[PDB]
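The next block holds one structure in the form of structure tokens; read it before the comments.
In this view, the complex is presented without one of its protein chains, the others remaining in place.
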Amino acid sequence: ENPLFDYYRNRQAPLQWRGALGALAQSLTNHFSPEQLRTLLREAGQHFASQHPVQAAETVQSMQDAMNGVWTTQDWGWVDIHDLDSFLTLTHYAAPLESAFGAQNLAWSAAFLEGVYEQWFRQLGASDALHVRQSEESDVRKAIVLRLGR
Amino acid sequence: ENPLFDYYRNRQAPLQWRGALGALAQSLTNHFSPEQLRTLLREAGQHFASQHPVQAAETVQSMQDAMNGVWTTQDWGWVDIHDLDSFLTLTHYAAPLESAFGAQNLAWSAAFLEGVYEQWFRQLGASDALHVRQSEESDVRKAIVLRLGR
Amino acid sequence: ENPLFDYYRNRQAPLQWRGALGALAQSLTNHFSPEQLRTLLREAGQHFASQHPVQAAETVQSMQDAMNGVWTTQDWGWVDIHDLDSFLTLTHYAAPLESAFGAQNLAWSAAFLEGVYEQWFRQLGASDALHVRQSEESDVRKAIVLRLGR
Partner (left out) sequence: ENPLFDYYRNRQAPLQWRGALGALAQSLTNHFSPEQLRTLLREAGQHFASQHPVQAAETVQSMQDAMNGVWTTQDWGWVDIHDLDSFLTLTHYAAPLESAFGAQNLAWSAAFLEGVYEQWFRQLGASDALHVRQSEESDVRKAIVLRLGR
């Protein structure tokens, strides 16, 4: 139940990189504030999305399928998109960020995802007035909730 | 020969983290200079060595055995230590840094190792006057050469 | 909830070996019956336990600590041992067998664990009259329950 979920969350990253990435996160936290780390990881996510473009889509389900197709080739969870009235809500499950950088660093590591979807939307013809922002409403460990809005 | 060695070097990191770490390295290079990145990675290596202490050793071969025992549990290559007159030369093989952060970033990513061994020496009674420095003399891709000297 | 647990269970094995091990399991199922596969995987578990011996223990908690210390170096879940009257019950969590060989093959792949603990008990002075057997009472996906009894 709780212990099994904790083990799955903590061991999602491989043995080769868990300690190294934890040490890197520790050094980053020592040198920089959480906001600077959020900016850094957002730019990293933009670069990642640039290196892994999504196929052209027209509908919400097609965009979700393209994003999940990109994700499934690297074992990075999956995204569900819901069109609530005018705004799109993106829920990402099984992001391996917690296993690598630690749970307490999810306050900034999650910004990486915020950097990806944004750029992906820029590749799908989304208006520049729209931006992706992380909503601090639900538990970050369970899922990461983002909103594409003005 | 060359292509097989290149493939082995480029694919040492798993598919789950290669793109993410490449994007993170790209963002880090965009924001900070190589010297600041070297300082950051050295502190990261110090934290990594603190989190994974080495068993007490007395001889050079025992120190090598302890360091290799720590390395082999995470698939991070191996170290050979030679005692030339007064100074110790450490040659590290098969560091997965190139596969993760890219070959062109080895100018600073290798500093991570410089941060590890240093702390490990501090754990084995090495005098504070001695420090570990990377010698820019050989090919970085083949092996990483470090000197423990004054 | 259910989808997240399913994703964690299915993606525990790396991308490098998931398809290859699934194909190997398919070929094994086509060629051999479940009982023969159980015997084969039990012998495989015995060999694995021989290659990775456990440190000598005296109490139940120390035995569990040694077994978990062996497991944690390879990301293979963890074991809880309970001494019910005269028999030991071992519950194993987060075995990556399902991610590799598929859920429907857990009827025989779990025998691998039955082969490991047995040998480990033989290394800790357990009487030859005692054997490890898998109890088909609970859900195999949630946890694997084994009994060390006569």
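Per-chain residue numbering starts at 1, and chain names A, B and C are given in the order in which the chains are listed.
Throughout what follows, a contact is a pair of C-beta atoms (placed from the backbone, for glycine too) under 8 Å apart; a residue touches a chain by one contact, two chains touch by 3 or more.
Novice: Need the list of shown chains touched by the one chain that isn't shown.
Specialist: So, taking every chain into account, the missing one touches A, B, C.
Novice: Touch as defined at the start, partner being the missing chain; which of C:4, C:40, C:103 or C:106 qualifies?
Specialist: Of the listed residues, the one touching the omitted chain is C:40.
Novice: Out of B:19, B:77 or B:115, which residue would touch the omitted chain in the full complex?
Specialist: B:77
Novice: One chain isn't shown here. Among C:33, C:55 or C:73, which residue touches it?
Specialist: If we include the chain that is not displayed, C:73 is the one touching it.
Novice: Mind pulling the subunit A residues that touch the left-out chain?
Specialist: Residue positions of subunit A that touch the missing chain: 14-16, 73.
Novice: In the complete complex, the non-displayed chain touches which residues of subunit C?
Specialist: Contacting residues on subunit C, toward the hidden partner: 13-17, 19-24, 26-28, 30-31, 40-41, 43-45, 47-48, 51-52, 73-76, 96, 100, 112.
Novice: List the subunit B residues touching the unshown chain?
Specialist: Counting only subunit B, the missing chain is touched by 3-5, 7-8, 11-12, 14-15, 73-75, 77-78, 93-94, 142.
By definition in this document, only the chains that are shown with their structure count from here on.
Novice: How big is the gap, in whole Å, between where the Cα atoms of subunit B centre and where those of subunit C centre?
Specialist: Using C-alpha averages as centres, the distance is 36 Å.
Novice: If you average the CA atoms of subunit A and of subunit B, how far apart do the two points sit, in angstrom?
Specialist: 29
Novice: Can you list the subunit A residues in contact with two or more other chains?
Specialist: Residue numbers touching two or more other chains: 14-15, 73-75.
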